[PDB]
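2 protein chains.
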Amino acid sequence: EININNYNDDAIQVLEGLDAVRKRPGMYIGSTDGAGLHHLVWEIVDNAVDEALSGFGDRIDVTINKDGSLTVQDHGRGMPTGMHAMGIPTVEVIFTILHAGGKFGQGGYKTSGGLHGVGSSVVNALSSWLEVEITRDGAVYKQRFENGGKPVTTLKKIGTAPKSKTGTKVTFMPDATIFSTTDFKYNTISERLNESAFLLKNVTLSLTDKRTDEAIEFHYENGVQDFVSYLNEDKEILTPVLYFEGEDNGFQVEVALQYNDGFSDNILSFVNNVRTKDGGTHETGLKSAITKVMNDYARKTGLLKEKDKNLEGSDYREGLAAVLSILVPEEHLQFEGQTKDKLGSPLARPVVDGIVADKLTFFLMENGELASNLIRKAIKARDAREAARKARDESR
Amino acid sequence: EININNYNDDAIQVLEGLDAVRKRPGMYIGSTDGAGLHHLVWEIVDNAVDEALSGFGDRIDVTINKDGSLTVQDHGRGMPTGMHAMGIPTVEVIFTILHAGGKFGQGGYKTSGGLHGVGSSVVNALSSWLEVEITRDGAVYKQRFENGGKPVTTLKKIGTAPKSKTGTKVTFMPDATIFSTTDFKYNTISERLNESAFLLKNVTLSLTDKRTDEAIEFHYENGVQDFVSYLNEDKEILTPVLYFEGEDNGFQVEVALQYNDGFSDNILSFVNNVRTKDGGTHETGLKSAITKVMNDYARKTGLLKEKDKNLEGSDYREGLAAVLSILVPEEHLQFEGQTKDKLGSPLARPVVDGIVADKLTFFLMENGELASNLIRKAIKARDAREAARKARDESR
DNA sequence: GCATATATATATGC
DNA sequence: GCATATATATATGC
Ligand SMILES: Nc1ncnc2c1ncn2[C@@H]1O[C@H](COP(=O)(O)OP(=O)(O)NP(=O)(O)O)[C@@H](O)[C@H]1O
Ligand SMILES: Nc1ncnc2c1ncn2[C@@H]1O[C@H](COP(=O)(O)OP(=O)(O)NP(=O)(O)O)[C@@H](O)[C@H]1O
Ligand SMILES: [Mg+2]
Ligand SMILES: [Mg+2]
Numbered sequence: 005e006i007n008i009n010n011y012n013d014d015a016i017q018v019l020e021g022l023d024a025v026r027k028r029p030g031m032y033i034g035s036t037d038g039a040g041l042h043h044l045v046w047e048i049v050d051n052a053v054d055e056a057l058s059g060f061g062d063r064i065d066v067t068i069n070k071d072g073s074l075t076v077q078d079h080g081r082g083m084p085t086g087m088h089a090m091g092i093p094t095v096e097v098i099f100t101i102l103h104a105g106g107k108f109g110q111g112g113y114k115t116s117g118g119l120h121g122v123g124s125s126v127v128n129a130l131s132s133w134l135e136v137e138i139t140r141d142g143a144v145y146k147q148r149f150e151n152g153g154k155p156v157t158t159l160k161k162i163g164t165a166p167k168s169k170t171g172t173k174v175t176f177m178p179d180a181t182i183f184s185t186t187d188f189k190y191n192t193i194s195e196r197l198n199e200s201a202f203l204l205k206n207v208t209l210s211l212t213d214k215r216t217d218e219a220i221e222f223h224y225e226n227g228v229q230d231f232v233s234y235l236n237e238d239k240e241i242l243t244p245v246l247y248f249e250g251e252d253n254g255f256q257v258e259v260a261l262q263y264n265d266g267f268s269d270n271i272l273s274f275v276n277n278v279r280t281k282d283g284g285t286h287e288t289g290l291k292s293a294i295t296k297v298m299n300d301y302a303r304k305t306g307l308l309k310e311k312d313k314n315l316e317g318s319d320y321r322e323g324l325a326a327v328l329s330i331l332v333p334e335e336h337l338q339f340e341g342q343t344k345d346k347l348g349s350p351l352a353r354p355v356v357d358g359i360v361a362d363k364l365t366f367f368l369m370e371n372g373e374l375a376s377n378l379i380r381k382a383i384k385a386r387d388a389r390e391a392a393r394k395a396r397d398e399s400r
Numbered sequence: 005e006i007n008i009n010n011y012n013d014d015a016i017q018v019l020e021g022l023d024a025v026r027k028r029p030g031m032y033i034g035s036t037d038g039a040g041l042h043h044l045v046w047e048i049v050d051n052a053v054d055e056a057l058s059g060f061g062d063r064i065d066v067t068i069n070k071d072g073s074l075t076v077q078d079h080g081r082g083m084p085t086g087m088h089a090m091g092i093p094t095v096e097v098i099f100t101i102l103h104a105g106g107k108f109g110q111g112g113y114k115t116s117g118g119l120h121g122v123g124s125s126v127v128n129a130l131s132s133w134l135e136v137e138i139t140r141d142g143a144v145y146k147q148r149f150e151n152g153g154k155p156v157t158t159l160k161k162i163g164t165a166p167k168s169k170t171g172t173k174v175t176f177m178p179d180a181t182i183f184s185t186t187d188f189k190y191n192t193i194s195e196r197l198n199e200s201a202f203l204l205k206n207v208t209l210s211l212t213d214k215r216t217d218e219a220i221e222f223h224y225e226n227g228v229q230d231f232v233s234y235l236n237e238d239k240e241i242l243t244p245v246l247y248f249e250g251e252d253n254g255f256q257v258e259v260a261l262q263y264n265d266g267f268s269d270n271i272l273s274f275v276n277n278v279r280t281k282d283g284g285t286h287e288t289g290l291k292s293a294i295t296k297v298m299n300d301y302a303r304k305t306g307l308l309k310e311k312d313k314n315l316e317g318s319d320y321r322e323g324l325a326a327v328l329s330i331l332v333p334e335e336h337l338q339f340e341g342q343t344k345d346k347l348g349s350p351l352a353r354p355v356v357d358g359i360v361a362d363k364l365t366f367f368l369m370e371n372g373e374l375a376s377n378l379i380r381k382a383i384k385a386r387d388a389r390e391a392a393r394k395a396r397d398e399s400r
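Protein sequence lines, in the order shown, are assigned to chains B and A.
Under the entry's author numbering, the residue at position 267 of the first sequence is numbered 271, and the numbers go up by one with no gaps.
Under the entry's author numbering, the residue at position 93 of the second sequence is numbered 97, and the numbers go up by one with no gaps.
These are computed hints drawn from the structure, not numbers from a lab.
Possibly wrong hints are sitting among the right ones.
Repeated chains share a single entry, so a pair holds when one copy, or any two copies, can fit it.
[Said to hold, decoys possible] Below, simulated BS3-like cross-link-like pairs (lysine-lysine); rule was C-alpha separation at most 27 Å, straight line: (1) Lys394 x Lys239; (2) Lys114 x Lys214; (3) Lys114 x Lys27; (4) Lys296 x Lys381; (5) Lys214 x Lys346; (6) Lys281 x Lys346; (7) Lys311 x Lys214; (8) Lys384 x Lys394; (9) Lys346 x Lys363; (10) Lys313 x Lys394; (11) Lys346 x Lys189; (12) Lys27 x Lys346; (13) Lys381 x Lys313.
Make the full structure from the sequences, and use the hints.
Put into structure tokens, the structure is as follows:
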């Protein structure tokens with residue numbers, strides 16, 4: 005037996021890779037609960053999106069099948085259908101080998117959300133079967149895997165097509181043995197695709213559930229502005245949607261703002277169309293140049309007096325709705341961990357802060373009335389915040 | 005030439021493992037700053053700690069070399085010195101292959117910090133050079149890597165040692181090309197190792213910084229009680245140090261708690277001697293149980309009434325300082341992410357909430373004067389909080 | 001029908 | 001500059 009009194013060469017083991025991910029899923033998707041479960045879905049969809057963000061495809065069709073598996077069809081270029089430089093088909097590289105793919109700087113993708121090269125393999129490793137249909141250059145190629153991403157067929161030609169017809173169609177059963185639930189939730193996927201559809205002013209995403217025949221479809225002519233509105237729908241707005249966009253040593257930033265009656269700060273941020281829910285170097289940029297440009301503004305118009313300290317950030321965000329969406333080139337792309345919740349690209353902080361800072365300073369100079377009322381609300385906020393502290397402190 | 009318009013099988017690159025941690029350092033230590041740099045220390049210490057937790061090593065010393073490299077010596081069993089079955093020294097397999105080790109429950113280890121099979125390998129990949137030295141079985145073996153972990157010797161026997169003596173000595177220089185800083189910080193390391201000491205009664209930990217001639221040692225006999233006591237040192241207490249402890253399903257919970265005249269809570273938790281700075285299922289059951297037990301004591305003794313609302317867990321934790329250290333078995337260990345920052349194992353919410361609730365019940369039932377000052381403390385809390393709500397609301 | 005989680009929303013302090 | 005907890009709503013499983 006292996007011991008403890010007996011730690012020899014025999015005791016160190018090497019996982020075959022997809023096996024590493026079956027053993028330590030937590031490292032790759034976070035958790036094996038339903039939140040875990042849906043990260044598989046996001047991995048495949050992010051792949052169709054990265055195709056669309058490079059220019060290929062105007063339609064992604066997610067589909068919960070009767071039997072419980074899920075499908076992502078796109079009209080992008082297709083996965084390469086030949087022999088890879090390593091003696092199994094390239095598709096087989098995508099799905100079974102880790103740290104492999106097109107987004108390492110080579111030039112196959114423009115800006116793009118994937119960057120680790122694990123996504124499709126992680127989905128593959130964690131499924132009890134998985135199928136690919138590629139459409140390329142007149143032909144349709146299929147291949148299947150079973151029992152933790154194990155090839156059971158080579159890539160294999162099964163049909164012809166119109167020649168203009170291209171794209172990828174993945175379908176996987178998540179593994180009952182890995183996940184405490186394998187019940188895909190139509191409500192979760194609907195809300196995700198909707199989030200994504202905002203971010204492709206030119207794309208249509210769809211979800212179809214053959215379990216219930218429910219179906220929805222998303223499309224948005226004005227993108228991040230439509231996003232902000234959709235955050236303030238059944239709410240009551242105290243400003244028109246501000247829309248600021250710009251570029252800067254290859255960064256591309258798009259931002260939409262609109263205040264509401266409310267008191268919440270509610271601001272959503274995205275690197276290369278990938279929601280970064282914990283914020284990051286980009287969100288900090290925005291937060292910054294609001295507080296700077298508002299405080300600077302109110303000092304220049306005397307509405308915060310001279311001997312009067314500077315409002316705080318909380319104040320200026322109280323009631324805010326903001327969608328921030330940056331494209332960051334691959335050479336500058338850093339997130340904080342195999343996930344993609346937080347953004348560590350130190351360049352994004354001056355990028356955004358810079359671009360925002362200019363656009364905003366110039367919006368207020370133009371709408372004096374709107375901008376004064378924004379500074380008066382901010383003043384009212386620090387008044388409330390201070391009254392709470394006054395109180396909480398009196399009581400001790 | 006590889007572009008958007010020419011994407012066939014050469015646009016997919018396969019990164020050799022250690023190159024991947026160099027390509028995407030965020031996925032692997034989350035940042036390439038002072039915080040990332042100090043991650044490379046903690047991985048090598050946790051490896052040493054893991055030996056002591058299985059019973060091997062009474063000592064762990066850490067040195068910041070004049071040249072700015074850092075050593076970590078342990079007297080544990082030493083890494084296996086022979087030939088791994090994949091055809092290379094086992095030492096090599098540790099420092100150069102990802103997803104490899106003795107902690108996937110094979111028996112080499114009891115319960116350990118580590119579990120991913122990557123830490124040693126990450127430190128090597130991010131180092132201008134790395135040197136191991138194993139003492140086992142009468143011999144001192146030694147092996148050197150350069151240029152992000154490519155081996156420049158093999159595992160070479162370099163001399164003699166006495167036949168019962170054992171240990172591993174890991175020296176590495178962080179790679180200045182990767183990190184924005186490679187100054188190791190003595191205060192930082194001091195602090196971490198202090199804390200690693202409170203959980204290792206059988207180990208004395210050392211830090212020497214040959215840059216400046218300063219050293220500290222660390223040894224504790226009392227675990228989380230010595231830890232809580234130090235957490236409160238220059239504060240004023242208002243309670244003895246409380247210590248619960250219990251076992252369940254092979255898990256082991258230990259926790260120390262103690263209150264101060266302050267308004268802050270100070271909960272520190274640990275899985276397998278590894279610090280979980282974001283909590284996780286085990287901190288949460290810790291907190292759950294404090295709250296539920298204390299409101300039950302509230303209503304049973306009548307300091308809360310029918311008409312009154314249950315107190316928030318926030319109220320009960322003001323001035324709280326606590327250290328929760330659990331031991332969780334490999335076959336249940338699971339973090340959210342590669343990062344070990346928060347625990348994700350489901351069975352630990354019940355276990356810790358079981359052990360503490362039972363134990364803390366028993367204690368209030370029997371320390372009623374104190375139990376009532378506590379409850380009264382949470383109330384005057386709640387009245388501060390609920391004073392701030394009204395005095396804020398009364399401002400809008 | 002009971003308690004389960006789930007979608008959402010505010011709350012400062014170190 | 002940084003971490004969610006829950007408050008209480010509703011929807012759904014034991
Ligand atoms: N739908 C698709 N269409 C075309 N190519 C694809 C598609 N999905 C994956 N690929 C290719 O397969 C590679 C592997 O992607 P993937 O396994 O998800 O990792 P990745 O996109 O690079 N980066 P990450 O998603 O951060 O893991 C990609 O880089 C693409 O070249
Ligand atoms: N100080 C040491 N003494 C003895 N064996 C060691 C030591 N350091 C590492 N090892 C061996 O190397 C293996 C892998 O080290 P490491 O790569 O950091 O992996 P891990 O500790 O298993 N997993 P992880 O640390 O989760 O990032 C361990 O399982 C041990 O067998
Ligand atoms: Mg991807
Ligand atoms: Mg380790």
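Status of the hints after comparison with the structure:
For the identical chains of this complex, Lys394 and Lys239 are inter-copy neighbours only, at 24 Å across copies versus 31 Å inside a copy, given an alpha-carbon limit of 27 Å. In this homomeric assembly, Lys114 and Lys214 never come within 27 Å of each other (Cα to Cα): the closest approach is 34 Å inside a single copy and 48 Å across copies. In this assembly of identical chains, the alpha carbons of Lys114 and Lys27 lie at most 27 Å apart only when taken from different copies (18 Å versus 33 Å within one copy). Within a single copy, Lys296 and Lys381 get their C-alpha atoms as close as 16 Å, which meets the 27 Å cut-off; across copies the closest is 40 Å, which misses it.
In this assembly of identical chains, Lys214 and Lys346 lie within 27 Å of each other by CA distance neither inside one copy nor across copies; the values are 34 Å within and 37 Å between. In the homo-oligomer, the alpha carbons of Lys281 and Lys346 lie at most 27 Å apart both inside one protomer (6 Å) and across protomers (17 Å), since each shortest distance falls under that limit. Taking identical chains as interchangeable, the C-alpha atoms of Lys311 and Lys214 are never at most 27 Å apart, the minima being 65 Å within one chain and 50 Å between chains. Both within a single protomer and between protomers do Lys384 and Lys394 lie at most 27 Å apart by alpha-carbon distance, with minima of 15 Å and 16 Å respectively.
Within a single copy, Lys346 and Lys363 get their C-alpha atoms as close as 25 Å, which meets the 27 Å cut-off; across copies the closest is 39 Å, which misses it. For a Cα distance limit of 27 Å, the shortest separation of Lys313 from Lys394 qualifies both inside one copy, at 17 Å, and across copies, at 25 Å. Taking identical chains as interchangeable, the C-alpha atoms of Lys346 and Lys189 lie at most 27 Å apart whether they share a chain (24 Å) or sit on different chains (25 Å). For the homomeric pair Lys27 and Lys346, the shortest alpha-carbon distances inside one copy (25 Å) and between copies (18 Å) are both at most 27 Å.
In the homo-oligomer, the alpha carbons of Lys381 and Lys313 lie at most 27 Å apart inside one protomer (16 Å), although the nearest pairing across protomers, at 33 Å, exceeds that limit.
Violation of the numbered hints given earlier is confined to hints 2, 5, 7; the remaining hints are satisfied by the structure.
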